[PDB]
Structure formats: C-alpha cells, structure tokens
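Enquirer: Make the full structure from the sequences, and use the hints.
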Amino acid sequence: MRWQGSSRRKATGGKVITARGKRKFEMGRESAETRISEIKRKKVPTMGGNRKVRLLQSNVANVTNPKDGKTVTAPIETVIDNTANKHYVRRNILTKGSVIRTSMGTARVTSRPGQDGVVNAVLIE
Amino acid sequence: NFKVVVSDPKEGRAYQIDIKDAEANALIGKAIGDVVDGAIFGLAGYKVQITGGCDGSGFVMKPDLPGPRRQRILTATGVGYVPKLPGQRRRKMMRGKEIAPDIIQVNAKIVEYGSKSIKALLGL
Amino acid sequence: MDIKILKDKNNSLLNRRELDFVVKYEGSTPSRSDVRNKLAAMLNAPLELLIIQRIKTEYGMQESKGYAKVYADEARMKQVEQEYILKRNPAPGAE
Amino acid sequence: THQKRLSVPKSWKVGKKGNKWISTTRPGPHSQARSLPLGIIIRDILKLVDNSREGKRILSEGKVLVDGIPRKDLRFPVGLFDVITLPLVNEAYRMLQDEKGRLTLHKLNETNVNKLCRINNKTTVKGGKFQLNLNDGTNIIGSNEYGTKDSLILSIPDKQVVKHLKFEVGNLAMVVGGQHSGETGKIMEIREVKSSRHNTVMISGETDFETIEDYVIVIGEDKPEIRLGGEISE
Amino acid sequence: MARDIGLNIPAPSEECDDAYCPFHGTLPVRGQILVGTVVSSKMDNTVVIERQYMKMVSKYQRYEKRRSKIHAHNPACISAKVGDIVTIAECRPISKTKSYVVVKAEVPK
RNA sequence: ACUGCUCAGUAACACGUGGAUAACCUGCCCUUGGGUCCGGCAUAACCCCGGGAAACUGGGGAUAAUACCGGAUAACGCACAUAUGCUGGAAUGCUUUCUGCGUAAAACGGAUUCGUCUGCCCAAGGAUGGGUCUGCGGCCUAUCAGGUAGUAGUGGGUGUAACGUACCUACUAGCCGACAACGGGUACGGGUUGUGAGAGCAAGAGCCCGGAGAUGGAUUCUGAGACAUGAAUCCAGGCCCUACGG
Ligand SMILES: [Mg+2]
Ligand SMILES: [Mg+2]
Ligand SMILES: [Zn+2]
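Listed in order, the protein sequences are those of chains B, Z, X, D and U. According to the UniProt record's numbering, the first sequence is numbered sequentially starting from 1. According to the UniProt record's numbering, the second sequence is numbered sequentially starting from 3. According to the UniProt record's numbering, the third sequence is numbered sequentially starting from 1. According to the UniProt record's numbering, the fourth sequence is numbered sequentially starting from 2. According to the UniProt record's numbering, the fifth sequence is numbered sequentially starting from 1.
Read the hints as simulated data drawn from the structure, not as lab findings. Cβ coordinates follow ideal geometry from the N, Cα and C atoms, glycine included. Worth double-checking, as some hints may not be accurate.
Unchecked claim - Which residues of chain U face chain D? A few of them, derived with a C-beta cut under 8 Å, are:
no. : residue
1   : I5
2   : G6
3   : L7
4   : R30
5   : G31
6   : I33
Unchecked claim - To spell it out: a stretch of chain D is covered by chain X in this simulated footprint if at least three of its residues, at any positions, have a beta carbon under 8 Å from a beta carbon of chain X; those stretches are:
no. : stretch
7   : 49-56
8   : 80-92
Unchecked claim - Computed list of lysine to any residue pairs in SDA-like fashion (alpha-carbon distance at most 20 Å, straight line):
no. : chain 1 : residue 1 : chain 2 : residue 2
9   : U       : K96       : B       : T12
10  : D       : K48       : X       : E18
11  : D       : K64       : X       : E81
12  : D       : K195      : U       : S95
13  : X       : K7        : D       : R44
14  : D       : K48       : X       : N15
15  : U       : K69       : B       : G14
16  : D       : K64       : X       : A72
17  : U       : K98       : B       : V44
18  : D       : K57       : X       : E83
19  : D       : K48       : X       : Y67
20  : X       : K9        : D       : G148
21  : D       : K57       : X       : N11
22  : D       : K195      : U       : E90
23  : U       : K96       : B       : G14
24  : U       : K96       : B       : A11
25  : U       : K42       : B       : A11
26  : B       : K10       : U       : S95
Expert: Set out below in structure tokens:
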C-alpha cells in the first residue's frame with residue numbers, strides 16, 4: 001500500500017490541509033521489484049476485476065532480434081546497467097529500460113515486468 | 003475430567019463418555035490426530051484418533067495452531083469461525099491441539115477396530 | 001340521485017372499460033354500493049363486474065365525480081384491482 | 002440510482018409534482034439526458050395505465066413493444082425518433098424534441114414503419130468489420146460509404162437498412178438541440194471549421210441560421226422519409 | 001502530430017526529439033487554447049507565463065487589471081524566449097504543475 | 001457503496017461555470033459480432049453426540065447445485081510489416097492484420113405450452129457511476145513579510161483504473177509573494193435569502209446540486225464499486241452483559 005493522492009503542497013510550500021480522508025481509489029500497491037531467480041508471478045487483483053500480473057523473479061527473457069525480427073526465449077544472466085537507478089544494477093533488479101545479458105546477446109528491457117507479467121527484452125543491435 | 007465424544011463412522015453413532023483420573027491424565031498432552039489405546043477407554047483393542055476439543059468457557063481448539071495455551075486469531079474463515087458478512091474477519095479465542103486440564107470436551111473418531119463390538123465394550 | 005356519464009374509454013391492454021360520469025345527487029352523498037347500482041343500468045354492468053373507484057363530491061353544489069370501471073372477468077379484477085378496492089366494493093352476498 | 006422531483010432533467014416534460022423520486026430510468030443505450038422511462042411514458046403521455054404496479058403488469062405481459070421488442074421493464078430509456086407500437090389499437094408514437102428541447106410523442110398512422118438512427122464513431126471490430134457504434138436494433142456493418150453522421154434508416158423489428166440517407170449540401174436536416182430544436186430545414190453549408198471543440202454547419206429551413214453539427218439530424222433526402230410529425234397528443 | 005491544415009499553427013523549422021513535443025513527439029495537445037507572455041524561463045522545458053486581463057467591478061462600474069501566472073511546457077524546438085508573447089494549449093499533466101504546452105512563441109515587436 | 005442523517009472539518013479544482021480525459025475504471029442496462037468445450041467432487045442444512053453463563057460453536061456419518069477446482073479455442077505485453085477507419089491542429093488509438101515469443105474465458109443453467117423466455121463467457125461501442133484534469137468566479141486580517149527543499153523543474157523509472165514527485169533515482173536552482181505568499185480569524189459551497197426606490201448592504205440551518213463525517217484516530221477485509229451510517233481490527237475515551245473463565 002502507498003498513497004498516490006494529490007498531496008504535495010500547493011505551489012509555494014503552504015502545507016495543504018486535507019479536507020478528505022485517504023480514499024480507496026488513491027491507494028497504490030507496493031513496487032514488486034523483479035530479480036533474476038525462479039520465474040515467479042502473482043495475480044494481484046485491481047479495480048473492476050482486472051487481475052494485473054506482477055512478476056517477482058525471472059532468469060528467462062523474450063529477446064527480440066531487430067535485424068531479422070525473430071523472437072526467441074533466452075535466459076537472463078545479469079542486468080548490465082540501468083538509467084533509472086544506479087542501485088538496481090548492483091541489486092540485479094529488472095526494471096523497464098534496463099539492460100540485461102542473455103544467451104542470445106545483450107538486450108534492453110522494453111516491458112514493465114510489474115505491469116506486463118513477462119520480461120520482454122529487445123536484443124540490442 | 004474429560005467429557006469425550008466418540009463417533010462411529012460405520013454407523014454415524016456417537017457415544018458420549020465421562021472420564022476421569024489416570025485415563026484423563028493420559029489424555030492430557032495428546033494433540034489432535036494422536037491415536038490412543040482402548041485401555042484408556044476400556045475398549046477391547048479399539049484405537050481412537052483425537053480430532054477436536056474445546057475449553058470450559060466454550061473456546062474451540064484448533065488443529066492448525068501448535069501449542070497448548072490460548073491465542074488470539076484474526077481469521078476470515080476456517081474452523082470455529084463463521085462469517086456473518088461475506089469475507090468478514092474477526093478476532094476470536096482459539097486453542098491449540100494440545101490437551102490441557104482446562105479442556106472439557108474431546109471430539110474423536112474410532113479408527114483401529116477391536117475384536118468386540120464398540121457398544122458392548124463400554125458396558126452397553 | 002342522478003348520474004350522467006361522459007367518458008367510457010376501454011383500455012385494450014387490459015380489456016376493461018373506464019367509466020367517467022358526473023353525479024347529480026341531491027343532499028346526501030350516495031354510498032358506493034348505491035352509485036354502483038345506479039351506474040350498472042347505464043352500461044349493462046353487473047355489481048360484481050361494475051366497479052367504482054370514487055364518487056367524490058365537491059363543495060357547494062351537489063355534484064360528484066365518479067371514476068367507475070367495467071371488466072369482462074371478476075378474476076381479472078382480482079388480478080388487477082387492489083385488495084382495498086375489492087373489499088370496498090361489496091360482492092353479491094359479500095360480508 | 003435515484004433521481005428527485007426537483008432535479009428532473011430539462012428534456013423531461015413532466016412537471017415537478019409528487020414526492021421526490023420520479024421513476025429512475027436505467028443506464029440504457031440512449032443518453033439519460035434525452036430519455037424518459039417507458040413506465041413514465043405509458044403512465045403520463047398515453048394514459049393506458051395509471052398506477053406503477055398496473056404499468057409494470059401491462060409491460061410484463063408483453064403488451065407494449067419498442068421497435069418490436071416487448072420490454073417488460075418500466076425503467077427502459079427512450080431516445081429521439083424512437084417508435085412505440087401498440088398492436089391492439091394500431092397506435093404508433095415517435096419520440097420527438099419540441100422547440101424547447103423537451104421530449105414529446107407524435108402519433109403515427111401505420112403500425113409498421115422504419116426507425117432512424119445516426120452514425121457517431123466508425124470503428125473497426127477485428128475481423129474486417131467497420132463498426133458504426135450502433136446502440137439499438139440490428140444493422141449492417143458496412144463499408145466506407147457509411148460515413149459519420151450519415152443518419153441511417155432501418156426497418157422494424159428486423160432493423161434492416163431501408164435507404165442510406167447520406168447528407169450533402171442542400172439535403173434535409175433536423176435540429177436536435179439549442180434554441181432551434183424541431184426547426185427542420187435544408188442544409189446550406191457543412192463547413193469543416195477546424196477547431197479544438199468541434200466543427201459547424203449551416204442550415205436554413207423557414208429561417209436561416211448557424212447550428213452545431215451535433216445538433217443536426219440527416220432526416221431525409223429532400224422530404225421526410227420517416228413519419229416525423231403526426232399528431233401531438235399529450 | 002506534425003500536421004498541416006487550416007489554422008494548424010504548423011511545426012517549426014527545427015526538429016525536436018522531445019517526448020512531450022506536440023509537433024514531433026507523441027503528446028496530443030487538446031483543451032482550451034490560451035495566449036500569454038514569458039515571465040521568466042529559468043526552468044527546464046517550462047516557461048512561467050503571465051495572463052493579464054481586466055474584471056469590471058459591478059458596484060464601482062470601473063476596471064482592475066488582474067495578473068496571473070501559468071506554468072507551460074516549453075519544447076526545445078519552440079524554445080519560448082523571455083518576455084515574448086506565446087500561445088499555449090492544454091495537454092495532459094506533464095509534471096506537478098504543467099498541463100499546458102506552448103505552441104507558438106513570437107518574439108515581441 | 002443507492003436513499004436517509006448530520007454540517008464538525010475544509011479559505012480548498014471543495015464549490016459555481018466553461019473545456020478536457022487522445023490519461024482512465026465501470027455490476028446491473030443496451031445493440032451487433034462470436035462462443036457456450038471436457039471433466040474432477042468436496043462441503044451445507046439432515047443423522048449421531050455435545051461443549052458454552054452467554055457470545056459463540058466441536059466431532060463422525062450422507063449428499064447437491066448457476067458452489068469450487070483441473071483441461072482445450074482470447075485478452076496482455078514485447079518486436080515487426082500491412083490501406084485514411086474515426087477524430088481530426090491532431091495517433092498516441094482502432095487497427096487488414098498476420099508473424100513468432102511469452103500468454104485464456106463461460107452455466108449446452110434453468111423453466112416452458114418444446115412456440116420460446118430468461119441466464120453464463122466473449123469482442124466493439126454506448127449509457128450509467130465515479131477518479132483525474134484547468135480558464136475563471138466569490139471572506140477578515142500587516143498589531144501576519146518572506147515562504148518553500150520533495151519544495152520548482154528535466155531525463156530514466158516505479159506504482160496506478162489512469163496523467164502526475166503520487167513515490168524513487170541522476171541532475172538542474174528553481175517555485176510562490178509586497179498586484180498580499182506564509183500565518184492567524186472565520187465558514188459546509190452554490191442555486192439563493194434578507195432588505196431598500198434603487199446602487200447596494202447583511203445571512204447563506206430547512207427545499208434541490210456537490211462536498212465531508214460516522215465517539216476522536218489509524219488500518220483492513222468483501223465487492224464492479226467502500227476504506228462501508230445498520231463491516232471488521234486496535235489505540236484513546238466512556239459505557240455494558242457476566243456463572244468472573246469472558
Ligand atoms: Mg479489488
Ligand atoms: Mg498533478
Ligand atoms: Zn516540436
């Protein structure tokens with residue numbers, strides 16, 4: 001659980017005095033980070049019967065060659081780097097926009113594993 | 003002083019027994035799922051598996067919970083809880099599978115049968 | 001007591017006749033059974049079949065509004081008309 | 002899902018008498034703004050049943066049909082140009098918007114008559130289908146001849162196409178809002194004025210003016226193809 | 001995106017690889033179009049813009065000019081200057097206070 | 001989770017009003033396009049024995065469904081090529097799509113006059129409900145002058161129904177204010193009401209619209225939807241039934 005309601009001052013620093021409680025629709029879940037392990041997923045429910053698939057661990061990827069446009073599933077070994085956080089590279093976290101290392105070759109994750117339910121990585125040219 | 007309830011699966015017949023003394027002390031410590039010799043019941047080779055219990059104040063034992071004492075449980079379903087509303091959680095008082103001197107009733111079932119009849123081996 | 005009838009629309013969706021008339025009574029406002037007995041002869045409707053919903057008398061002048069109705073079946077009346085109307089309308093031999 | 006006596010919609014001609022709620026219309030296919038309950042229609046306009054229970058009885062017994070569909074619910078919405086058919090008297094009525102934006106009923110002559118609809122968004126269902134954002138009846142998932150706002154006409158109750166009433170310059174047009182509601186007249190110029198809100202249209206019937214493209218109905222080639230105006234019975 | 005039609009406010013002579021750039025990016029600009037001047041452009045991709053108008057007071061029957069500040073998105077291809085008249089149109093929320101992106105920044109004359 | 005009540009909090013996109021959502025969810029309802037495929041077999045009341053001051057509630061025996069589980073034909077996300085389909089400044093969407101890579105549903109249920117009626121799944125859209133969004137409109141105060149560091153913004157992310165510092169990271173050094181920020185005072189907002197010849201001035205208890213609240217407070221289950229007025233959980237606070245174990 002996290003609160004994603006509109007609570008960060010107004011424009012100036014005058015502390016916004018809340019007139020409403022923490023509503024149910026403003027409650028966001030936890031960042032279920034993904035690592036390189038046994039491929040584990042959970043069918044967490046969301047609004048309107050939309051069970052969003054959340055991934056937690058994975059050592060395989062759907063590496064997509066751009067030269068020929070062929071999709072083959074190759075194992076994930078290590079995150080090469082990541083622009084979003086300099087610590088996920090050390091933690092082997094698999095976020096979107098990171099760069100993983102597969103058997104096919106180095107690839108960049110182009111899918112959000114916490115929302116997509118799979119690790120779809122485009123093979124870097 | 004245990005007020006044991008024993009049921010027969012072959013006829014769906016439950017015999018209520020009032021037991022005391024050394025046999026009651028033998029029943030103490032026997033967790034849920036234990037098998038007990040019929041000499042504690044006097045039955046000719048009838049072995050009973052204990053599958054329940056409750057306190058003097060009506061608190062029901064739980065086979066799930068390990069430990070003899072009481073615990074507070076915020077459950078949403080299971081043994082000894084009925085949801086008044088659909089998917090409602092409550093904090094009841096349950097017991098472990100361990101048998102205690104503050105336990106009255108011991109529900110159990112007949113498993114390993116004996117030579118004689120079940121009824122006639124208790125004077126009936 | 002006198003009666004003149006103006007509107008006799010028949011509802012095709014229920015097979016009943018809507019009786020609208022002006023009650024030219026004198027003095028004492030007639031009861032529902034009496035107005036039914038008078039309104040029966042105007043359109044050939046039995047007491048069990050002819051039904052009246054109000055004989056509402058206005059101020060001053062002795063004129064009343066009569067919203068009576070006619071059915072081709074008493075079971076249809078019991079299925080459609082409310083129970084207070086069935087009690088309020090005395091059947092032949094009713095108590 | 003309630004609505005009160007005071008906050009009854011502007012398109013609802015029925016007054017502000019009674020006690021709070023007046024017959025909450027369902028979600029339905031049509032907009033709730035231009036909608037009246039079938040129970041309110043049969044209890045106020047036509048006057049075939051006076052109570053709500055008797056209205057629910059007559060609806061439930063398959064006695065009233067809305068484009069050949071005998072709806073048993075008294076909360077069904079009704080949109081503009083909707084036909085109500087009663088076979089027992091041959092009473093045909095059409096939902097119409099008068100000059101004040103309110104919804105009324107005009108009686109028709111024949112029981113069997115078409116119904117007019119409109120195109121609002123042509124999307125593509127997977128399977129090579131040009132979905133027209135239909136909401137009522139059956140239709141034809143057609144081709145690019147069927148454009149937006151084309152105002153299709155379809156039969157009843159089978160709801161097959163009768164004639165593609167495509168609009169052009171000079172063709173007929175009926176207003177569906179504003180202060181010009183019900184002033185049907187020929188189209189003068191349908192200008193595709195680019196802007197962030199929506200485009201515009203030029204229409205002149207008895208008197209010329211400018212009107213919005215969401216307040217125009219392509220109701221005929223030169224003359225009324227559908228039975229637009231019959232008898233305005235309350 | 002970069003599309004030329006009547007009253008287009010056409011895409012500039014400079015290409016921008018911005019994600020929120022209306023002509024070259026993928027941000028659909030839509031809403032209410034407005035006009036203003038850059039109060040200051042000391043902030044990345046965001047020019048504070050002032051709207052100046054007047055509200056006639058009913059009782060006194062006179063006027064009072066009212067200032068107002070708006071934060072707009074300043075794409076690099078446009079690059080709205082300092083104190084220049086510019087037309088802004090609404091977009092989806094870019095940031096904490098950014099729902100407008102500038103589309104035409106004309107240096108004043 | 002609709003009504004119903006209250007009017008504490010709230011000086012606020014809370015509200016009135018004009019737009020937007022091409023940034024989103026929607027059970028019931030709506031029309032068209034499809035489908036409705038194999039199974040598995042618990043556990044209820046009931047039977048036999050109770051425990052319990054109560055609140056509650058145990059065991060063994062029998063069993064059913066539109067209950068629940070397992071299996072086949074989609075959606076979801078990556079990468080592609082393919083023709084205006086809407087809207088149109090405007091794709092970013094639908095997409096003809098197909099490609100391969102991970103990746104799914106239903107109750108051939110019920111009734112009948114066997115005419116049919118009503119239900120399950122599914123795709124597209126609508127409608128309904130609600131979140132979000134911003135131009136503008138409306139208090140007293142200087143015996144209230146600086147306020148703000150997640151504060152202002154950029155890139156990459158994260159979570160979300162969805163856009164978003166909503167959270168996180170690297171970075172920039174901004175942002176609001178003397179045309180009143182920040183603080184204090186006060187207040188449910190508006191439609192309106194009082195009064196006067198009017199300009200105005202004063203209040204916005206009741207009828208309708210939206211907002212919030214459930215002893216004060218935090219947290220959570222269930223559900224299409226709630227942090228639920230007749231849901232829970234604990235703390236504070238008061239009270240209450242007890243066979244004193246609750
Ligand atoms: Mg949920
Ligand atoms: Mg924001
Ligand atoms: Zn650009």
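Enquirer: Going through the earlier hints one by one, which of them does the structure break, listed in rising order?
Expert: 12, 17, 20
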